[PDB]
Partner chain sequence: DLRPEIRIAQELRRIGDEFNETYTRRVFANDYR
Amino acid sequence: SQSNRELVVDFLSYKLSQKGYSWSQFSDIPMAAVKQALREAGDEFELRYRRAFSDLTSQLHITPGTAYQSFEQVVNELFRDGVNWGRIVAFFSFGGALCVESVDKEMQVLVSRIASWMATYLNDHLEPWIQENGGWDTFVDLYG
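Sought structure, where only the one chain appears, the form deposited without the partner chain:
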């Protein structure tokens, strides 16, 4: 969806900025509270877990040739026991970590692609649980 892609792009842009990278590779109940709550959850999450998904990124070893199906299979790893608010946060951090790794690999073109994959994955596999458990309003309630 449009809002999903917007949420994803906001979180990724935020992580790249915060870590010294560019976010230009994208373009060329409210939404603000959700985005802010997500930026916060990610920071909180990354402060206690610093291994930045070494294993997962390894399994994927993303390149310009990687296909969505490969991405989807690696991420499912996070949801072997089903969806959680916490696992959703890890999902976003993972995407952020993937983007950073891509820039460090001189594969900045994958950033926008990664963003699309996350929006697709979020819409397909995550939103179902999210909507069943209070929607993003419940998310703000817990992470606001």
The other form holds:
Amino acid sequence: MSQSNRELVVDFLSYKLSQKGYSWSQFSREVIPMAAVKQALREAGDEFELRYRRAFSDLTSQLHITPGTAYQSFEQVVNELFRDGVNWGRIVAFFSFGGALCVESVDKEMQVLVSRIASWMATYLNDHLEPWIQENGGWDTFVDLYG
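Switch from the form deposited without the partner chain to the form solved in complex with the partner chain and give that structure.
Below: the lone chain, stripped of partners and molecules.
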């Protein structure tokens, strides 16, 4: 639950939006600094995207994303991704999916979805991923393995 998850979501989404030429307000070692966690996630996300970006092509069209159906589509995708388990790679996929959904939404003039997606991501992290994260060494461990 800590505020770390929301911080990671905002940093990651802001970063992915910057790669598309967009600036977002961002509103609405057993111990390591969050700056290193953010960096590790940005790097993993980039490597993940370079290797599999075709999987995120036109998600807005595929999922028929609209403001009124966005939440449901997002939740269904993430719930199925984690249906049979959690691991760091799937968590990177989760961040990547959220980032792509954000960028592609702005691309279709549905910018209002950015802050909403950020909130849904934070909430999913804190309510459904945090228990596993903490039991598996926390973000400190993610960095040890992906850093």
